[PDB]
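Chain A is fixed; fit chains B and C onto it per the hints.
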Amino acid sequence: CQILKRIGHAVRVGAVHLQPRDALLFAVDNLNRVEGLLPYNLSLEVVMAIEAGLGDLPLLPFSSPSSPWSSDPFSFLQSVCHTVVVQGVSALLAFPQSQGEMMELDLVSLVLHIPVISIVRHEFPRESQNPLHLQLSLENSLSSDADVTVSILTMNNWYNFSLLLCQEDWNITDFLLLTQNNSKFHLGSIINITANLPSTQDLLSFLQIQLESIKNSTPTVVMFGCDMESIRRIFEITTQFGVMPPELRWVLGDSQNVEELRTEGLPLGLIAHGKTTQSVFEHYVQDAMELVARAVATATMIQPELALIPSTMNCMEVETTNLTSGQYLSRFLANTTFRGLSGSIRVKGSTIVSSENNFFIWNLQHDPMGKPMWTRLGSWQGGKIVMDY
Amino acid sequence: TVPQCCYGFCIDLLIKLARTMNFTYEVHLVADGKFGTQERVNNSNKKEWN
Amino acid sequence: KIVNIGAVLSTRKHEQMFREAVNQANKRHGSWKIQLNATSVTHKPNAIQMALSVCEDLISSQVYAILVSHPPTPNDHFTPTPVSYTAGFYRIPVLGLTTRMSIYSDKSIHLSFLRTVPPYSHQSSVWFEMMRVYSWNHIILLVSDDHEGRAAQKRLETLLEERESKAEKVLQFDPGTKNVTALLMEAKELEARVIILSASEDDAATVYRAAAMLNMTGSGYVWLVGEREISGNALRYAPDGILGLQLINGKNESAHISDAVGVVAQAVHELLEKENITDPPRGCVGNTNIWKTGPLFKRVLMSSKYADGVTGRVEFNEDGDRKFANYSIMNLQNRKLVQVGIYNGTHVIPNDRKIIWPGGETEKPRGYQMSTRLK
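Protein chains in written order, with UniProt numbering: chain A, 38 to 56, 124 to 493; chain B, 450 to 499; chain C, 25 to 399.
Just chain A, same shape as in the assembly:
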């Protein structure tokens, strides 16, 4: 009762853009519309820690050239702490893009002794493992897609397969390492389908020779770094001499969107993989907001005064308390695992907010009318592939 009244019966989160407002508003609306995420009738509020000073929100947009960033991160940290204390933000949202900005944000979080969650498109090598800093890799390692490819061979024991890399610079190291982790897997002869050939006849002859060599060694193939048009050309070349499934079983080792997975040019029985949802920035923002709100609500269910009211009552005073409120929020975030729209967001190592995106695996099979279509053979998530049918 008293704690909610003091905090306004709401959970405040600060958002700082190092280098988006509509996405934040959408995330806040989605968090509010998800009733029961935060108990005790607590709603999610977002406070922007822009570089501007104190003032009411004006309904007048003016575009002006911002001054260069200050060389002293201490002033930025103090301003961020003061804004968070004014808005009572238990957790901080950041969008770091450079090493210096990330260091400044981490310094601000450490001074405020509160967790700061920053979404980074590229998962840079992180030295500091401070719980006051948490990072969400928007673009996770592509090896997960590689983990999908071998997953196909796990469905029906396709331990023998050929490799077709339509890209000379394609990185098939992760999939090769995953396959070599199991002694049962038997990768076939390496087929490099290069596009440098200048004539149709020479490319057709090379593809026919590769298919002839692969057929008598392995019963299936996996294609990585091949486009939809390249896949269609390869399928046409295979069908020119009659090389087709199920004697030549096709599988796609690359992620291909369902929209771009056109039924035309795809021989029946071919296996394809794609993303369950287009991972836009809004989905990641909503998932991060949901995870932070769940962490705050869980910490409030046992320590509402600690979770809601931040520990830093002054920007220039670093409280030497036994248990800081921001420390509690950081622990809750490090223990927070949620299932957002873009996939599963899990906190590993108390610092990495990894978003394992759900994927769909389909097989080239006829639709109810008989025309070819992409029927999802299953959904793959967390390394587990469950067949829909």
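No wet-lab data here; the hints were simulated from the structure.
Note that CB positions come from ideal geometry on N, CA and C, so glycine has one too.
Treat the hints with caution; some may be incorrect.
As the list claims (entries may be wrong) - Simulated DEER-style distance windows between Cβ atoms:
| # | chain 1 | residue 1 | chain 2 | residue 2 | range |
| --- | --- | --- | --- | --- | --- |
| 1 | C | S159 | B | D481 | 36 to 44 angstroms |
| 2 | A | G140 | C | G200 | 22 to 30 angstroms |
| 3 | A | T343 | C | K298 | 54 to 62 angstroms |
| 4 | A | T425 | C | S34 | 17 to 25 angstroms |
Showing chains B and C alone in chain A's frame:
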């Protein structure tokens, strides 16, 4: 649910086992009463006794 | 080939001891291609200010390895966290002289780390060994909601899986709880009497006080505790004759410093004997990638097998922890700890000192009190 009078042949056997082995007891009947059987589970493979 | 030795230790006395040990090791080193340099850095009274000073001093000197010391706080994962963080991504191994904690052993956080002290949870396995001899067919496990506690519970369960024991029941205590007697309601539920638990002194004080409330302080119950609760705020509520724990060289910082100096002296000569010797990077901003000598350097360092230092028996392995550790057990009577047991890690050497079971019971009873009525 009400306290009930229970007695029986096997109740006499129970009294004997009480007398020899020195343990008290509190008895109650069963929920659905079908001597127990091996029954397939609602949402798993088979492992359920009723 | 100047090899600098940078370290962080509390107070100037520890820095002086480290410098003296470095000088003695240089005097005791027959290698003519090694130059001994020691840099002393004090603890910065700020987590924010510690990282910048640490990067500006130790990294720029191109020193070899980082030695940890006892944190200024009585128990906090703050002092060695910045050291394992800033230098962790630079492929620089670090040795924790006062690292008796198992938190930094997940191999995903602070991977480049060697534990110079046994983990507290490791002695939990000794409890199984402690239970191996003195009967104790079944016991009840109690663990706080702690990552170290969870790991210890998992390790003890794995050990029990060898002897095929269900450990009766395991209660998951909640850290920071003010009402723990309710969780101990099931304490009288089972028929056993052997209670295996150990936690923070602040956490253990309330439980130790509340045990007498549930009449658990009476004789016929068995409580086994760790050294974390051996002394501290809980010492007021500790039961008499309670079997606690203690560890050899528990406060001998000089012994650990000497052992680490000897180990580093051996490791430097071991490393400076083959090609591909990646010299330490210079500067904290210029270095944007790890050194070439990474896992091979760690493997080469993990080869010292001798009796060096006051501690001796340097057998670091697994995640970076030594082997054949010595544990001590002091009998509690009249609010005083009287040593009654010593273990070398293979067999515990008992003593003729009186071992009273809880409630001051000289006799040792069994952990199965048969029920007087059934359902």
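Consistency of the hints with the structure:
1. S159/C x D481/B: 36 to 44 angstroms: holds (43 angstroms)
2. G140/A x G200/C: 22 to 30 angstroms: Taking Cβ atoms as reference, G140/A and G200/C lie about 25 angstroms apart, which means the hint holds.
3. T343/A x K298/C: 54 to 62 angstroms: holds (58 angstroms)
4. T425/A x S34/C: 17 to 25 angstroms: holds (22 angstroms)
Of the numbered hints given earlier, the model fails none.
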